[PDB]
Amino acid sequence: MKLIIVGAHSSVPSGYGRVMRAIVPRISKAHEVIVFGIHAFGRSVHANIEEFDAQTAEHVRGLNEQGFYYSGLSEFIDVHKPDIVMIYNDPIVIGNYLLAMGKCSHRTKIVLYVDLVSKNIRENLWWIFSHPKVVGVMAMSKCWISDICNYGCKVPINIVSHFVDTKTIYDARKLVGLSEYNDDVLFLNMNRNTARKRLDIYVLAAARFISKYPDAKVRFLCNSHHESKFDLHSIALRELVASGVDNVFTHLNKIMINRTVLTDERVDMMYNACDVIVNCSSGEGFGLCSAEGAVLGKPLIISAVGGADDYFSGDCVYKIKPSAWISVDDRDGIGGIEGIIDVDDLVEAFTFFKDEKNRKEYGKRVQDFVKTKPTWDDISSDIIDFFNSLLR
């Protein structure tokens, strides 16, 4: 069959780009796959699969549609005449694409691969799941099935997860320049400083943990950008002053903030270098920035939300359930409700993993647990298999 995938270009250093680079050449040996590649950062990565770079095509035409090239898609399909069109993005972007192909000549079967991050998304986006042209829906986790059904989807739903690989680098603490801290247990939260990721909770919990154990040899690493809404040091500072602990400033410096941009091998280095991986976010589609270190046999503390909660557990990981729920309609055009963990539960989790006997045991469990997870091959073959049931 002939398959058009509307998604991230191979040059894109993002979550979407990463799954595109994995899935595209794997489906290519079963079918003809042609990529409408969006948001290109540079050169295409495949020698022999047809990848259209939609962003520079949009610049050539003098349009600015943020690299989505909504105006080009209808003609692209009309020419190629695919058996299937898979659209892989969030619900807003998917909506835009379905409108753009409303005056499309070729009758094509549409498969959605939706990135969902919150329960109860806006009702005005629900129509995409029951659009006449849509013939199957693909979700990234089991938990999203019942939402998608609640949104009124009546076509087959298939779960398409991801596979995680991180390069295992020896002597990593030295190589990232963290050799002062050879004695310290390093907690690492690799998430960006945005509202969903709740770095405020992370650093509040760090501050509380430190005020309760002011001599523990411990560091809390995290990321921040210029003029993020949360100033992480300032948050922690105020929590240390309120606890009454002495030497506020020295405890404060136990939270280490990286402000520089990622290079993909500093990121891998960080995971190898640290002792505990932490994600306390509000919502997770797949539950990416964490499972990354499970292959390395690092203990994990995770908020049991969305996919993260499905991905893990016969108790290989330290799971914290949301203690309260809020609307997140104010963040985003997509919105929903999301679950917020109790700062004190994260403190308890940090104190569980200050014991190296627990780090060892849990590191071992998740390493073994993730050996079982299906690889890009198993996943991509699942994809094509789901595609074959939808044509004949």
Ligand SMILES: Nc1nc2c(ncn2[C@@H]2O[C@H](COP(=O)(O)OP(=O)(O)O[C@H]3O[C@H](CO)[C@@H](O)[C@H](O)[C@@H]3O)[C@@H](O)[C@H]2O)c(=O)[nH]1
Given for the second form:
Number of protein chains: 2
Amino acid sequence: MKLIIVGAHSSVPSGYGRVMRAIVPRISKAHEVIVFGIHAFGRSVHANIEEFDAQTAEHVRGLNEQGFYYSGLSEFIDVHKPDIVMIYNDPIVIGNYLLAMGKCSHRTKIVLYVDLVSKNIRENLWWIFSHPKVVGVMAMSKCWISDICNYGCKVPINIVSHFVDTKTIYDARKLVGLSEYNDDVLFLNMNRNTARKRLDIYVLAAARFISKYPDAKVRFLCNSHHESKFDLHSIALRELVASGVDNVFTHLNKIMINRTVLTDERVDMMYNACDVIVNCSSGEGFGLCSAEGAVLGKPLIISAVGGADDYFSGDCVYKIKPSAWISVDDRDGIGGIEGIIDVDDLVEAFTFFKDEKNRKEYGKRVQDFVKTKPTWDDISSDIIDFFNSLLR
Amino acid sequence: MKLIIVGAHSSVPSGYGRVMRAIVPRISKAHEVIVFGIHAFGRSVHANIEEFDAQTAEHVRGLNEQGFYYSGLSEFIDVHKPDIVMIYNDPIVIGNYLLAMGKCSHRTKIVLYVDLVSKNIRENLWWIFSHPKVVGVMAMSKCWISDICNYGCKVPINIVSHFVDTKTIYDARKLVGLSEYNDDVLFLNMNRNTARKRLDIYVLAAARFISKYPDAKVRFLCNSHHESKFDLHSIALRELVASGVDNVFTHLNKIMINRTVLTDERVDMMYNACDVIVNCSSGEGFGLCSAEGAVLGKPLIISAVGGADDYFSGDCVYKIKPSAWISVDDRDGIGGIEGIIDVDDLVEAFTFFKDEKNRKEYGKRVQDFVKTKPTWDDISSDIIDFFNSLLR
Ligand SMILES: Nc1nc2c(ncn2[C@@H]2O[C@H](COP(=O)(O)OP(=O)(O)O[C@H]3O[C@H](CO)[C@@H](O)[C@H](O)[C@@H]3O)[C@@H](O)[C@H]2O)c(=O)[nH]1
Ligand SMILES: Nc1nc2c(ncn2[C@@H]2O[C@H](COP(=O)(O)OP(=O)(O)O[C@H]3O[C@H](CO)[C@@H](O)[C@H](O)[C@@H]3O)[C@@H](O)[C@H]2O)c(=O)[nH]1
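Can you switch from the form solved without the named molecule and show the form solved in complex with the named molecule instead?
Every chain and every other molecule in the complex is listed next, the one we just looked at coming first.
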């Protein structure tokens, strides 16, 4: 069959671009595939398969539609006359795409691959799952099935998770310039400083732990870009002052904040250099910044939310259940509800993993578990198996 | 003594407006008090005490200092030459007035009436507690004393709480327009639809309670302005669909939003009308609203936060403890951390008070307990004692 995939361009170094570099060349040997690549930063990584540069074509026609190029998708499908059109992004973006090709010449058969991260997304977006043209839906996890079914979806739903592979680098500690901290156990959170990822709880818990164990050789690593909503050292300073502990400043310095944007391998070096990988976010479609440490044999503390909860655990990970629920509607146009973990639960989780006997045991568990997990070849073969069932 | 209070003008229908209307006339008989009244809505409510209309004077000088009239305070103090100056606001506003009188000619003693609302307010505001002109600090509740100390306060700290004066009104639900709901038990949340107040939780717990008991004669009431940030019916609607319960739109109608602003009479009428008073906010300095329903012998469900926790005995009231803690830095320039109750805990509370024998019992309990509290005259006298102590 002739397939059209509407998603991130192969040049994009994002979460979406990561999977598009992997999934497309694997379906190329199964079906004739042509791509509608968006937000293109440079040239096409693939040498053979046809890919449309939607950002440059938008620049040529004289538009600034953020790089998505909705207005030209109508003309694009009419020429390429596909058997199946796949859409891969968050609720909002699909909503604009289906609105754009409402007057599209070819009678195609639409498949959705939604980026869902929170339950109870806004009502003005559920119409995409009931769309009389969408014949198939792809979810990132088992947890989203019930939701997608609640949003009024009468068509077959297929689970399409992700696989990940980080470079295993020996002597990583020294190479990222952490040589001075050889004695300390290092906790890592690679998540970006946004509300969803709740680094305020991370940094909050770090301060509680440090205050009750002021002499533990430990460091807490995290990232943050210029003047984002949470000032992480400021949050930690205030909780250390409230705790009554002496040497607030030296204790505060135990939280190490990276501000520069790293290369793909500095990220890999960072993963190898550390001892515990942490994610305490309120919403997860999948949670790449955790699975990436599981292959290296690092023990894991995760919030039991969304995709992370389904993907993990034969009791191989430290899972913290959300203690409360709030509305996320003020965050963005997607909205919904998310689960917040208790900070003190994160403190319990930390003291658990300052014991090296524990890090060794669970780090061995996660690696042996993620061994069984489906690779990109297993996943992409499941993608086409779902496509064949919708034609005959 | 000559005393100047920088605070809300008589006409202001806010939290600060209410306590200013009560405190000023009572200090007037002991001392000469003149008011730098800010944010005026019109005529001064007091016939004889001197109240300065700071907002209109601001307009006369063609300034827009949001009715605070920072530019005017310095000159106002130099003229009146008061013995003491009381600044009654939050830390940012106090900060700004302190800089305003930075180049003041009159040597004067400053007393701060701080409205705190969360632990861990930003450190760049802490300076106001150890400002050299600051001679004393007044706080609203016992819980805030240890925070102000942690912030580095070396001056006397006094507790100045609040009293509540709501009239008892006969035939109340007929008068507010709720005569169609005689059999229904009415839960009342009088709080403003802001983030702090967590009406997203209230509404969400209402939805979960309704889906649990579809035929329970119950109504939930709350408030919201033109275009706030939580669309309450939206949150409610989405949760009902999730539970799978039928007759969604009728069940949704049980949650009643009041968009219309209310006069002092109608607020009092609402309290009289309803069967259970609810406050599920993540931050309270003292926590008016709930205390307003307690003098009428109405049962209260409250979040055990800030001043609400100090003020009510756990035996006379249904207290819910926070389950999770989050940063608030994104909300305001003040910031801090606040505690959030579990939505399922609020459900337990709602089902506890659907039985009338519990409402009768806990109603009698609060009325008897709040009876033993200090009145406004007890509070005003304590205020004037504190000032005398600081003078000689
Ligand atoms: N090169 C580089 N990469 C970085 C850097 N910082 C983070 N990354 C990488 O950025 C990727 C982003 O992963 P997520 O954090 O899990 O994705 P997201 O922003 O939460 O958004 C969605 O993406 C995934 C689905 O494609 C989901 O895992 C996730 O739940 C969510 O739906 C991770 O692989 C992380 O290693 C950096 O400084 N440099
Ligand atoms: N006139 C009028 N008053 C209203 C209305 N709605 C609410 N109010 C009044 O608003 C008053 C104050 O509300 P609070 O519960 O105290 O919250 P807050 O003022 O917004 O927040 C902070 O300020 C207070 C300081 O005195 C603290 O009591 C409170 O805990 C918190 O720190 C209550 O007495 C209530 O009667 C209305 O529609 N009209």
